[PDB]
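One chain comes next, on its own, written out as structure tokens in the form deposited without the partner chain.
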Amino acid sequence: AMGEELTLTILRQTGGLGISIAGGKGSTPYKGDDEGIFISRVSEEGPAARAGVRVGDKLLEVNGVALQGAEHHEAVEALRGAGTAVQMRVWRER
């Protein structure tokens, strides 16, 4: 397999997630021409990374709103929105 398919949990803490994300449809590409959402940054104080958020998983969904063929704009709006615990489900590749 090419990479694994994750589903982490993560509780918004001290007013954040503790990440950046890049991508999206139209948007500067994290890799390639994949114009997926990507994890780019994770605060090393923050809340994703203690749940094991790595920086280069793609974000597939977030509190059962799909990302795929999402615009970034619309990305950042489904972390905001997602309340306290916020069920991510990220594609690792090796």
The other form holds:
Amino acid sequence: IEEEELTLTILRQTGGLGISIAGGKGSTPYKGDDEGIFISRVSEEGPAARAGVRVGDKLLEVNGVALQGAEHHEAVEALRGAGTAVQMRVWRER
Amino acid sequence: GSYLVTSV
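Follow the form deposited without the partner chain with the form deposited with the partner chain bound, if you could.
Complete assembly follows, chain above in first position.
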């Protein structure tokens, strides 16, 4: 469907999650006028790739906390925590 | 504004 809603769980690595994020409140939108947090890069054969994350996915929630209204730095901080796993709910435009 | 990207 138009927006596929997926729940993806990244098994963290000492090198991180293997993704780059773009966007955030007050920053230049990744697409349209949407200030949300988006996956802009996925490292091939990295943790996020193994978890099924894809470029263009919109990040709605990280470890059960909404990113609604999040500035870029908040999203970065949310993804640089100590947990060995990162659960994210994303919307994927098909 | 600025188009921010951060590797994570």
